[PDB]
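Have a look below at one chain only, the form deposited without the named molecule, in structure tokens format.
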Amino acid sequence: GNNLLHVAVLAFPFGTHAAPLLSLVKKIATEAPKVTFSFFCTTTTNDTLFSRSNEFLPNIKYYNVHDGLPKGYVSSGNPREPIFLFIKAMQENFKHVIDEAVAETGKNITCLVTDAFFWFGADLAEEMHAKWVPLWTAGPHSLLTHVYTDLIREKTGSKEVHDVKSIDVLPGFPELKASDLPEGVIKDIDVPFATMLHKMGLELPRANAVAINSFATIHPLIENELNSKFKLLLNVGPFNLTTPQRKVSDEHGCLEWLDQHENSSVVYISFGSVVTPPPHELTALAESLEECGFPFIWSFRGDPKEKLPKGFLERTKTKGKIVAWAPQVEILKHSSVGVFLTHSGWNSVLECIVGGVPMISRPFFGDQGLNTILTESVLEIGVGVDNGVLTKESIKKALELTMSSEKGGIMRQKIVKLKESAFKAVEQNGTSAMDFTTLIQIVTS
């Protein structure tokens, strides 16, 4: 593109949303050095994202957007409170800062790239006579679930709303219970997050193009519907293969430690950038761990003994590891690791498909439920813990099953062939490289 183009990038501050988006942006900015990229997110998220050294692509500048929290505000109860406050004032807070970036660069916005959550991107793009390109950072099946929100509700009564009778929502997908769906589709339909997702489903067809961090082999039938709902659908993932972003950090020699172990023998544990199993769960896992023998790596959450038992800490310090932050993508590509105990967030899922490792899923929130059903029943590269909770009986059951002598192997096989499609999809010749090239064209023109 030319030196007159200005791309505004609006990222979601919570969960693993902002980093994947920034990654996509970095790939584009490298290909288009004369194009200006303005990245908007909360001060706290920007601080974490832009602390990186020479990662300073010159044509990318970040701008802090108000987090919606009132003056003096203090934690309070539920961790949902700051998310709800952000959502409630995000449109005007984004606009205020976008306005500063336009006055400062002297360049009107030509393209608005946003997390798909930002349904208001169409309206904003409209006002500035700019293009709108939202990015759904999760899977195709959940995106389509949101596009189908009204349809689902219209075919949902007292039975289904209460898990008595299952709903047939997605093509080429098992029948689901309301508890399977992301909060908001059929429950708590009124809260800000739920309203944000519904509006997104309704506004997406107005976009110039809808990008998604996924690849065409993930779900053919779902993709076809999405393809018919939007002006353009672009599969630009998996991001771990299509975009840069370093992070090859092993402050705790996990990979070396992994070297000094054999194949499919280590248990990697990670429940995302925000989750930490409840008390009865952690304690059920920690013990499940040092009773199964299985060597392991566990990404806790900074806090060590804080939640974990003292003794346990220095008793397993010989057959397993526990870190605050691990080099997950690399760990998942290591031949040592045999199973991935995850909450099935989408990013971790794409990373596991690329690494070729079987999965143990204990979903918590959002799309994790649909993701578990997708990898357990449709891709068959994983299984979920019993009851969706972590109890010593449910854990061992899963470990034993995946680390078994049959099922675990097959899953590993199924995910190796999927891994193959992933690598193929990103060759210049594949659909992901091609949709990415198109994305670049739209964003930089």
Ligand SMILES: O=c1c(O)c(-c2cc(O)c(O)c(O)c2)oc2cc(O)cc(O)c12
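The term rigid core refers to the most C-alpha atoms you can superpose between the two forms while keeping them within 1.5 Å. Positions refer to the first chain, counted from 1. Compared with the form deposited with the named molecule bound:
Rigid core superposed between these two forms, residues 280, 231, 317, 247 considered: the one with a C-alpha shift of 2 Å or more is 247.
Once the cores line up, the CA of residue 412 ends up less than 2 angstroms apart between these two forms. Once both forms are fitted on their core, the CA shift for residue 61 between these two forms remains under 2 Å. Core-superposed comparison between these two forms: CA of residue 26 displaced by less than 2 Å.
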Contents of the next structure:
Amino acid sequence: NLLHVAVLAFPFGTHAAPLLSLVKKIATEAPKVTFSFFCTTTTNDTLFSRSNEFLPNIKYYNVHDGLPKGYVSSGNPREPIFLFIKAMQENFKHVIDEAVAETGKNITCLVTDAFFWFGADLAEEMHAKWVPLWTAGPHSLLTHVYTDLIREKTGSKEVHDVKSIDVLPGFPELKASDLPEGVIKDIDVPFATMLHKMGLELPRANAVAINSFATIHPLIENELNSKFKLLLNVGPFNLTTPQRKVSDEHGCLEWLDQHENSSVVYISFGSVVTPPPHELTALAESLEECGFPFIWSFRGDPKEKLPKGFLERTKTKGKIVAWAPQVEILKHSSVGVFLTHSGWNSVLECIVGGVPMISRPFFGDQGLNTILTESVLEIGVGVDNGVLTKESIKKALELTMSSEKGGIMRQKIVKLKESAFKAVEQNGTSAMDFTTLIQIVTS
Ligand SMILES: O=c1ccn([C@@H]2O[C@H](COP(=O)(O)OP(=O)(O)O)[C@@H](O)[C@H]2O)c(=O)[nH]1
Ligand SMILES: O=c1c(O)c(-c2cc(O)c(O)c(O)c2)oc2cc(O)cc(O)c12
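Alternative state: the form deposited with the named molecule bound, after the form deposited without the named molecule:
And the full complex, kicking off with our chain again.
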């Protein structure tokens, strides 16, 4: 047993955990194969002693983060990401040498985040297979694959939201501002250059894995499939690679048990985003005004970012936590709506939970995920003008909580949820792609 799987993870956002969970699923199934997980010290330290406390064939290694000694944030929170992207290809090669040296075995398969375009070349010089994992939706991926074409049929009118573009099958016409950032807008930051190159290199992979399921959207999925040697839909991860990890220090679930069905508003804008002060106060004031019970996963100091007295004034109406057991929250019968930024993992967890969504996208692929949930799947609505105001908020809440539209939305998300469960059954489409994925990775 000499196989050695090198796993390259993106240290930012919700990328390393899902990749690790996919890897663990594969690892337990192949106890004789060696797995090496590469990420930054910080991210790896965070990834530890979870549900699967440890797997004997998984070893973690720290890739250099590209930060200068005595580094402090000043420009933007994207600064450290850019610094990481700068020397990531050479730094991953460096740290890879440590794992080969330690295990005494050469890399046979390179599993990477799809963001790592260099995987094809790296896999080639190592005489190894390349299996990239796109952690977001099939629709955003297709958009990245079509970056060059989209740029072609795009002049000034297109860039200035004048004319729209028929970029995706079964999708509304898109406005430049709707495209995942980096495709048409700011094609200059390192992030954009990384995705652009990703789009061009993926066809070289042995197979492209994705956190999705085929029936979520047949047209997009089939279109995506024809761009790669193989497209393996191994999601939704919240079903195919779940974690026993269920932390609820603040008693969110017991708190939800004391509430009636479809009555509570769950709020979370993702792992990092912090809405602007004027939006926070508008949501705060809207919450303690419409009287909906709520659980708000807040990033930062609430006594500092929220109106004075908000906490004490709503101490019985809702809970404000620094972090919450979202997957379980969304599956709880007391939740009637999910105010989200529409990150992909949150969209999939909500689909399994069967809860209508209110979306207020901030960056990346969020805008496209909102169009997907609002105009295509119709399992959620966006807020007027894409911003949170007392007016846009109250409008979205009534539509999802007290209107017939709320029911149609729940009806559709429920059909979708069932399609997901079917894809993950013993012989479902995802279970099968997952078996294929495992074979490719461990052969
Ligand atoms: O209070 C929270 C807030 C977020 N999450 C998890 O954080 C992840 C967010 O990923 P997503 O792709 O939705 O957005 P991102 O964090 O990448 O912006 C999801 O798995 C959520 O379940 C959670 O467990 N508890
Ligand atoms: O964190 C970031 C991020 O996730 C994305 C992103 C863009 C896309 O187009 C996608 O399809 C996607 O899934 C993610 O862009 C970024 C662009 C930046 O300048 C800075 C960032 O920090 C991000």
